[PDB]
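Peer 1: Letter by letter, the chains look like this.
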Amino acid sequence: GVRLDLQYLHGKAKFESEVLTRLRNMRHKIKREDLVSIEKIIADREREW
Amino acid sequence: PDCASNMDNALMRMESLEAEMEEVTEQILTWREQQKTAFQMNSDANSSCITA
Amino acid sequence: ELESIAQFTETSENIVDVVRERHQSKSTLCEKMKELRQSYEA
Numbered sequence: 333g334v335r336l337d338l339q340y341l342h343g344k345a346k347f348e349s350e351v352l353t354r355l356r357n358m359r360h361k362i363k364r365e366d367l368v369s370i371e372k373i374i375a376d377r378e379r380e381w
Numbered sequence: 159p160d161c162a163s164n165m166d167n168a169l170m171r172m173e174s175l176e177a178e179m180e181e182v183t184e185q186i187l188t189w190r191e192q193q194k195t196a197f198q199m200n201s202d203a204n205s206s207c208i209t210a
Numbered sequence: 291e292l293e294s295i296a297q298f299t300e301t302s303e304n305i306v307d308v309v310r311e312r313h314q315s316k325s326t327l328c329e330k331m332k333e334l335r336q337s338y339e340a
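Residue numbers (PDB author numbering), protein chains in the order written: chain F, 333 to 381; chain E, 159 to 210; chain G, 291 to 316, 325 to 340.
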């Protein structure tokens with residue numbers, strides 16, 4: 333009578349949901365803080381040039 | 159047992175592909191702001207030379 | 291039970307194929331991320 337471990341399954345499902353959330357946080361931070369800092373400083377250099 | 163063993167062996171390589179993205183993001187952002195300190199300090203340094 | 295043991299085998303082998311394509315499909327992610335890295339390490 334082989335057992336599937338429901339606590340391992342739910343544990344990896346939770347941790348992959350936290351990987352998927354970390355990837356979304358990094359990827360959205362890049363798309364609100366970093367790229368908006370970069371594209372502004374670029375355009376403010378070009379418009380003073 | 160081998161299904162479970164190979165599946166965890168897959169997820170640890172997906173976890174490893176998250177880890178390479180956030181460290182390479184911090185390498186890019188570290189170098190971005192390193193360069194600006196060198197560019198700033200050259201303006202202060204050359205401004206001082208005018209005094210001579 | 292037997293529906294879930296079938297699902298466990300199918301899902302476990304699907305995940306072991308999906309992560310393989312993410313490593314081997316093209325350059326690959328695992329290649330281009332190290333090409334990009336070694337630019338900033340240089």
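Just to be clear, a hint being listed does not mean it is correct.
Under the rule of at most 25 Å between Cα atoms (straight-line distance), these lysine to any residue pairs were calculated in the SDA-like manner [said to hold, decoys possible]:
id	chain 1	residue 1	chain 2	residue 2
1	F	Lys361	E	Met179
2	G	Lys330	F	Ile370
3	E	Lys194	G	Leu327
4	G	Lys332	E	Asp160
5	F	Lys361	F	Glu371
Over the 12 Å line for every Cβ pair with chain F, so calculated as not near, a few chain E residues [what the hints assert, rightly or not]:
id	residue
6	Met165
7	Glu176
8	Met179
9	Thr183
10	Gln192
11	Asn200
12	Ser206
13	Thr209
Calculated directly from the structure, the hints in this document are not laboratory data. Backbone N, C-alpha and C fix where the C-beta goes; we use that ideal spot for every residue, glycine too.
Peer 1: Does each hint hold? Answer for all of them.
Peer 2: Hint check results:
no.	hint	result
1	F:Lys361 - E:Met179	13 Å, holds
2	G:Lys330 - F:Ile370	23 Å, holds
3	E:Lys194 - G:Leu327	30 Å, violated
4	G:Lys332 - E:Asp160	31 Å, violated
5	F:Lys361 - F:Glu371	14 Å, holds
6	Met165	8 Å, violated
7	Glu176	5 Å, violated
8	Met179	7 Å, violated
9	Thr183	6 Å, violated
10	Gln192	15 Å, holds
11	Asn200	16 Å, holds
12	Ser206	24 Å, holds
13	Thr209	27 Å, holds
The structure is inconsistent with the numbered hints 3, 4, 6, 7, 8 and 9, although it conforms to all the rest.
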